[PDB]
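Consider the single chain below, provided in structure tokens and representing the form deposited in one PDB entry.
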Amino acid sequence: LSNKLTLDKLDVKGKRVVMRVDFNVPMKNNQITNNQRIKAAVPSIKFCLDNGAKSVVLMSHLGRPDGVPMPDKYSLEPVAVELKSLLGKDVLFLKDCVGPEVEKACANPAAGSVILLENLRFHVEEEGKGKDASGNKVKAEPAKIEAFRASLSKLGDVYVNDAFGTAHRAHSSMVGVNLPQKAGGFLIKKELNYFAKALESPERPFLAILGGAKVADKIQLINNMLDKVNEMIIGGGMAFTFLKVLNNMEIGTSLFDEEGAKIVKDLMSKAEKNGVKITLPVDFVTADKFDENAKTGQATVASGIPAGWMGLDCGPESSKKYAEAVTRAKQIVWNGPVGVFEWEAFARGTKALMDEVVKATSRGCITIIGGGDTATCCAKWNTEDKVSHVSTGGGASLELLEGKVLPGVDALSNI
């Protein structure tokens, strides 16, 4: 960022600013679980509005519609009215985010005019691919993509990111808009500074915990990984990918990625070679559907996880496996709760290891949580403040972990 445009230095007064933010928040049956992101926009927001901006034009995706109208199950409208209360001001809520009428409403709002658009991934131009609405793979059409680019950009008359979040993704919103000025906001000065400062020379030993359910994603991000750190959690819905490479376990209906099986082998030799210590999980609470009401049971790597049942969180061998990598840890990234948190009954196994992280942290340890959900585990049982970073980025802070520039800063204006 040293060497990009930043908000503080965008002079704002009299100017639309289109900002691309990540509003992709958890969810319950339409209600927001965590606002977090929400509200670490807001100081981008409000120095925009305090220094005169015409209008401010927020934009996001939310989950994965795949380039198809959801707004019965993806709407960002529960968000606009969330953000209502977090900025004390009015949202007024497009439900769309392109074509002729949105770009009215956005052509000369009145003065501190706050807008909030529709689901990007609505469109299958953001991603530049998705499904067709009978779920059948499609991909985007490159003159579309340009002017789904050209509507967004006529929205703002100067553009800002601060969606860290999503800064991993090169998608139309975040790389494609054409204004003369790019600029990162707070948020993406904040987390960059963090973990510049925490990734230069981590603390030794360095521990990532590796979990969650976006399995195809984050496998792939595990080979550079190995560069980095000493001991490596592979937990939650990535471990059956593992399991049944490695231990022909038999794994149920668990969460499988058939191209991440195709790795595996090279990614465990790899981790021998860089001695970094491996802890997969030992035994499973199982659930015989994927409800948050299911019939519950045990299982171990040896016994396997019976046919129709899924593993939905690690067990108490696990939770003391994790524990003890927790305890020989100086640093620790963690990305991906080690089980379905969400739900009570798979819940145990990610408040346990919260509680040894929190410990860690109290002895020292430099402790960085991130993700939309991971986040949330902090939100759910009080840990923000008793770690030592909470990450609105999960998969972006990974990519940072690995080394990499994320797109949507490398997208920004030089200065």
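Positions refer to the first chain, counted from 1. What changes on going to the form deposited in another entry:
Two rigid parts of the chain rotate against each other between these two forms, and of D373, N51, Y194, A271 the one at the hinge is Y194.
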The other form holds:
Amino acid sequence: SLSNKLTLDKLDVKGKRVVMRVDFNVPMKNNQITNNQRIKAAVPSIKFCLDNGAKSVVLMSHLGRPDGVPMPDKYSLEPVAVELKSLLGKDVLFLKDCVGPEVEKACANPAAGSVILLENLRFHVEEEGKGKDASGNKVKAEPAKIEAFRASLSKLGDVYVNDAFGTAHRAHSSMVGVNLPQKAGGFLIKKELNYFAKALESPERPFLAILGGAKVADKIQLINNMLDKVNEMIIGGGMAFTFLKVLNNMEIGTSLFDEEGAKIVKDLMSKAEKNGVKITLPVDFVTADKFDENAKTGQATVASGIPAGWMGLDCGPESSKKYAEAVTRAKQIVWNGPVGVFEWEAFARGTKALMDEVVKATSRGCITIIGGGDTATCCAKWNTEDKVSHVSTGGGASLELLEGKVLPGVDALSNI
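Target state, the form deposited in another entry; input state, the form deposited in one PDB entry:
For this one, just the chain is written down, with no partner chains and no other molecules.
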């Protein structure tokens, strides 16, 4: 369950050392930070701890995929300690490791108010439990070593806080291996739990899911689970052409087509009919002569077909209208996946227009939840983060929740 978890607001931190797992996996260009959003996002949990009299806050995270080898020239967290000091108005001590005797001593009984940032957890194979050696071979971590790694992390605080939703789908040492009596979700995780519980357990009605993406076959469990919960579903993006080819015999040109997904389209429509779910597919398209930002563009409908050579890379104006009609009926919306190639301006109108409708919906009291990854990227690109109810901080984690799975990092949190 998402509803029965201990959170930071209910956790007594006064005089306690707080070991906190954060998401500082920020985008980099040669170990310099291009977007600090994820660092700003953790600040409320850190300041709460400091303001409520925590003895220390020890921050642990990963960055990139070092795959269990130390790579401090390429994937060090050191630049984050500088960024964090800017954002907190407080000195941040950066340590060049995250476990072992020197780190445990630094963290044993620090001065009241101390903020410490540890080096990349994924420099140790014991964090993910497997990785690659410098020859590129697979290695798995050894049990006794995983135990020692976990025990060393657990020394660094008296209580544990997880504010890294983006890793909560992974049974990694920092997510599930910290052995302290109280394990609480921080304020980012609290928001994720609150919104996705509402969504998956007791949504407002009508509940609309907006699903986009390239393939059908890798989204079958997502679609199937959402068909158990929703009243309406928009299917957009590249995956729509598989549905349209199968159901209408549409000529789709060089548009994405999922041969294995094609074999289950009617099975999905069948379940939608059985559950009384209204499916809204697109009816018109912006076409491209190739998969390129500066492609020549055209227009098509289902009735016209797409010319051979050409591909549908966005929905068209009548599709936007049908999509807006479903948004207008909704009292709750989950949106996972853009409805066209939003990275390229010529193919971004459908996604921007739908975002405008979703913002207007929120204004009139719709609960609007944006999945992590590409849909969240659109909100940042068009500055709509504060104009929807919730923008999830974890792509892979939000997708696994929406598929109906239990997240090992959430499960590891204390109950009540």
